[PDB]
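K.L.:
Listed below are the residues making up each chain.
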Amino acid sequence: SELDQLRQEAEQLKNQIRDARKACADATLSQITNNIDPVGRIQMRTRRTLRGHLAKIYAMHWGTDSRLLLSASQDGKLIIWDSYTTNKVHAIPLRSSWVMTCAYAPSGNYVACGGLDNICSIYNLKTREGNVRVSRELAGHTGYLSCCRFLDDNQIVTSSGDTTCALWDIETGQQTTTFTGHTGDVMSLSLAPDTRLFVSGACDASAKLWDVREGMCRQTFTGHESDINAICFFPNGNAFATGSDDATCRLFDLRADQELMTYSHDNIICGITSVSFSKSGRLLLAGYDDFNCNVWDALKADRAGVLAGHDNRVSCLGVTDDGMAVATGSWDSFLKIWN
Amino acid sequence: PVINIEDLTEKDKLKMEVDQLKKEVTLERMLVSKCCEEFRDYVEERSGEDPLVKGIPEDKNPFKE
Amino acid sequence: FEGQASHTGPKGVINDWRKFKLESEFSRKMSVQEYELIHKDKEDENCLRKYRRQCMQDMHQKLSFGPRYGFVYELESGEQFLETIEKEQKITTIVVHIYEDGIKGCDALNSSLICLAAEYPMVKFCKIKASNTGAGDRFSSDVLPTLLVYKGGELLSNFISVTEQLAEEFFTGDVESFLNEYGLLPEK
Ligand SMILES: C/C=C(\C)CC/C=C(\C)CCC=C(C)C
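Residue numbers (the authors' numbering), protein chains in the order written: chain B, 2 to 340; chain G, 2 to 66; chain P, 13 to 37, 68 to 230.
Read the hints as simulated data drawn from the structure, not as lab findings. For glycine and all other residues, C-beta sits at the position ideal for the given N, C-alpha and C. Just so you know, not all the hints are guaranteed correct.
Derived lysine to any residue pairs resembling SDA-like cross-links, with alpha carbons at most 20 Å apart [unchecked claim]:
{"no.": "1", "chain 1": "G", "residue 1": "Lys24", "chain 2": "B", "residue 2": "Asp212"}
{"no.": "2", "chain 1": "P", "residue 1": "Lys104", "chain 2": "B", "residue 2": "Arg129"}
{"no.": "3", "chain 1": "B", "residue 1": "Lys127", "chain 2": "B", "residue 2": "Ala92"}
{"no.": "4", "chain 1": "P", "residue 1": "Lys31", "chain 2": "P", "residue 2": "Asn88"}
{"no.": "5", "chain 1": "B", "residue 1": "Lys280", "chain 2": "G", "residue 2": "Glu45"}
{"no.": "6", "chain 1": "P", "residue 1": "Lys132", "chain 2": "P", "residue 2": "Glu196"}
{"no.": "7", "chain 1": "B", "residue 1": "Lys89", "chain 2": "B", "residue 2": "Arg129"}
{"no.": "8", "chain 1": "B", "residue 1": "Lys15", "chain 2": "G", "residue 2": "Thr27"}
{"no.": "9", "chain 1": "G", "residue 1": "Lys24", "chain 2": "B", "residue 2": "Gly216"}
{"no.": "10", "chain 1": "G", "residue 1": "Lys65", "chain 2": "P", "residue 2": "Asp216"}
{"no.": "11", "chain 1": "B", "residue 1": "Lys280", "chain 2": "G", "residue 2": "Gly49"}
{"no.": "12", "chain 1": "P", "residue 1": "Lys230", "chain 2": "P", "residue 2": "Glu218"}
{"no.": "13", "chain 1": "G", "residue 1": "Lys16", "chain 2": "B", "residue 2": "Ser2"}
{"no.": "14", "chain 1": "P", "residue 1": "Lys171", "chain 2": "P", "residue 2": "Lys132"}
If you want a taste of the chain P side facing chain B, the calculated C-beta under 10 Å gives, among others [what the hints assert, rightly or not]:
{"no.": "15", "residue": "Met98"}
{"no.": "16", "residue": "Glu130"}
{"no.": "17", "residue": "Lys132"}
{"no.": "18", "residue": "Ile145"}
{"no.": "19", "residue": "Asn200"}
Could you put together the complete structure from these sequences and hints?
P.N.:
If you want it as structure tokens, here you go:
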């Protein structure tokens with residue numbers, strides 16, 4: 002029980018881990034791609050404008066169909082839009098205006114959200130008795146709900162400011178598995194394409210990969226010197242991108258257990274809060290704290306373009322599963338579709 | 002697994018930490034260069050079809066005028 | 013801004029909540075006291091409305107930079123081009139129009155820009171003949187009319203043959219719409 006010895010062993014273990022990584026850190030991604038011609042200047046255009054919210058958009062999430070999308074706003078309303086016709090499919094009054102995230106079930110049957118209320122509310126979209134009040138309210142986290150992603154109609158994972166992540170059984174409202182490990186507020190989480198694993202970023206400058214079925218942490222990635230605000234899984238599931246306060250996006254590979262590339266530039270000083278890959282994973286779009294968005298070239302580590310021409314109006318963003326569009330939310334209540 | 006955070010002690014937190022670390026030390030780590038090669042290959046194979054990179058012809062753009 | 017995220021995502025929500033309860037009334071971001079407060083304070087809907095409204099206005103106001111221009115400035119040499127994009131406030135959007143008299147669109151664009159510049163005095167509109175850029179033979183007739191948009195030394199967008207993506211007979215409003223659909227123009 003001697004703490005000194007325990008925390009000492011921890012340090013030596015961490016030391017052993019860093020060296021192992023260094024032994025494998027023989028080259029950077031940029032070198033491997035120094036022969037790959039840069040992508041053409043990415044200049045996306047606004048196609049659709051979603052008008053409805055009465056306040057700052059906090060989060061948004063695309064549906065599997067790459068058409069219907071959800072958007073949580075400061076106005077205390079969750080709206081399901083039809084990106085194609087800018088029409089509002091569902092309008093859902095929330096009990097709080099402070100919503101940090103909003104998930105969309107891969108079946109389109111359910112939608113979820115959470116925030117400073119510390120609860121992950123779930124709503125039923127397809128029903129004779131349509132739901133706008135609530136189906137379930139997953140209460141348990143002793144901290145704000147930062148992020149949540151559906152696994153199916155009955156299971157959903159949620160990250161929280163209480164330093165924990167957790168898998169819930171919607172039908173019971175009970176916390177099936179609790180993922181403990183981070184030493185600070187978990188800011189984001191992202192499911193692997195096969196949903197058997199998922200990674201999470203926290204205010205401890207570390208991203209952790211967890212095995213949903215086993216309920217334990219597989220690997221812990223480090224590199225950022227500040228809180229990791231956003232995290233997004235790569236399409237092939239062998240890696241993921243992170244965004245933190247130190248104004249750098251990092252690409253971590255599972256097998257390598259370390260960062261393959263870092264994305265930054267001397268002019269960039271704002272912390273990154275949103276990160277999303279394109280369909281091919283060639284572009285790493287990053288939304289910064291200054292409401293700007295940079296389209297990075299995942300391969301060459303250089304920025305391929307600017308999303309929204311630096312109009313200081315990007316609070317959140319997300320890419321469609323078919324990679325046909327990027328949706329952005331803003332402090333002025335409007336959302337835009339780009340491609 | 003089904004752990005309630007606020008109830009853990011400084012000790013068993015470090016215990017779970019060292020346990021996790023021990024497990025992490027035994028990780029079969031792949032060479033960075035190798036991983037980068039595979040990453041590049043995957044991307045390159047699909048980059049040419051990526052709508053956001055190549056652009057979407059107005060003809061097939063779901064978000065018409 | 014500068015530093016820790018406090019405008020977007022979870023942290024944005026946290027800070028917004030704080031400002032709300034301040035205007036009307068490390069590893070961890072929120073204090074236990076603040077947590078208890080959320081689970082104890084009954085937020086007045088009216089104050090919520092006023093807050094949401096005021097917040098958007100504050101941003102609207104912080105992004106609205108004073109009218110400093112109003113005319114389409116002519117760049118004689120490529121040097122004047124480099125100097126204008128570098129020696130300029132990072133918050134000021136610069137729209138340069140590389141042109142050549144007599145070329146389809148070049149003239150029409152210039153005309154539209156005259157009024158667009160008056161409509162957006164916060165944006166610096168500049169024009170320069172391809173022959174005056176001195177960039178070898180990169181800005182040619184097959185590229186003209188080219189419209190470059192800079193901001194804080196960063197090249198936001200480079201539009202080749204901009205007019206080909208506008209109506210046969212366009213006006214100021216058309217260029218306005220086009221640039222708005224790219225988030226390249228500030229607000230009025
Ligand atoms: C046509 C323009 C508006 C109705 C207001 C501006 C809309 C937005 C700012 C949506 C947020 C998207 C951006 C990245 C700009």
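K.L.:
Decide, hint by hint, whether the structure agrees.
P.N.:
Hints, verified against the model:
For a cut-off of 20 Å, the pair hint linking G:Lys24 to B:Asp212 stands: about 14 Å separates their Cα positions. Between P:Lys104 and B:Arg129 the CA atoms are separated by roughly 47 Å; this puts the pair beyond 20 Å, and the hint is violated. At roughly 13 Å between alpha-carbon atoms, B:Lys127 and B:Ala92 fall within 20 Å of each other, so this suggested pair holds. With a C-alpha separation of about 16 Å, the suggested pair P:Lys31 and P:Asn88 falls inside the 20 Å cut-off, and the hint holds.
Our distance criterion of 20 Å between C-alpha atoms is met by B:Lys280 and G:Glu45, whose separation comes to about 12 Å. Distance restraint check for P:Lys132 and P:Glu196: the Cα-Cα separation of roughly 9 Å lies within the 20 Å cut-off, and the hinted pair is therefore satisfied. Annotation: proposed proximity of B:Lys89 to B:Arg129 holds, straight-line Cα distance about 18 Å (limit 20 Å). Restraint check for B:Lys15 and G:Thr27: satisfied, since their Cα atoms lie roughly 12 Å apart, inside the 20 Å limit.
Our distance criterion of 20 Å between C-alpha atoms is met by G:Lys24 and B:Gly216, whose separation comes to about 15 Å. About 18 Å separates the Cα atoms of G:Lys65 and P:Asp216, which keeps this hinted pair within 20 Å; it holds. Restraint check for B:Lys280 and G:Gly49: satisfied, since their Cα atoms lie roughly 11 Å apart, inside the 20 Å limit. This hinted pair checks out: P:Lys230 and P:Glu218 have alpha carbons roughly 11 Å apart, not beyond 20 Å.
Proposed proximity of G:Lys16 and B:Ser2 is supported: the alpha carbons are some 9 Å apart, at most 20 Å. For a cut-off of 20 Å, the pair hint linking P:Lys171 to P:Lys132 is broken: about 25 Å separates their Cα positions. Interface hint status for P:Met98: upheld, as the beta-carbon distance to the closest one in chain B is roughly 5 Å, under 10 Å. Given hint, P:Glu130 at the interface with chain B, is violated; its Cβ is 14 Å from that chain's nearest Cβ, farther than 10 Å.
At about 9 Å, the closest approach between the beta carbon of P:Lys132 and any beta carbon in chain B falls short of 10 Å, and the interface hint on this residue holds. Because the closest C-beta pair between P:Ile145 and chain B is about 22 Å apart, greater than 10 Å, the hint is violated. Nearest Cβ of chain B to the Cβ of P:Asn200: about 6 Å, under the 10 Å cut. The hint holds.
Checked against the numbered hints listed earlier, the structure breaks hints 2, 14, 16, 18; every other hint is satisfied.
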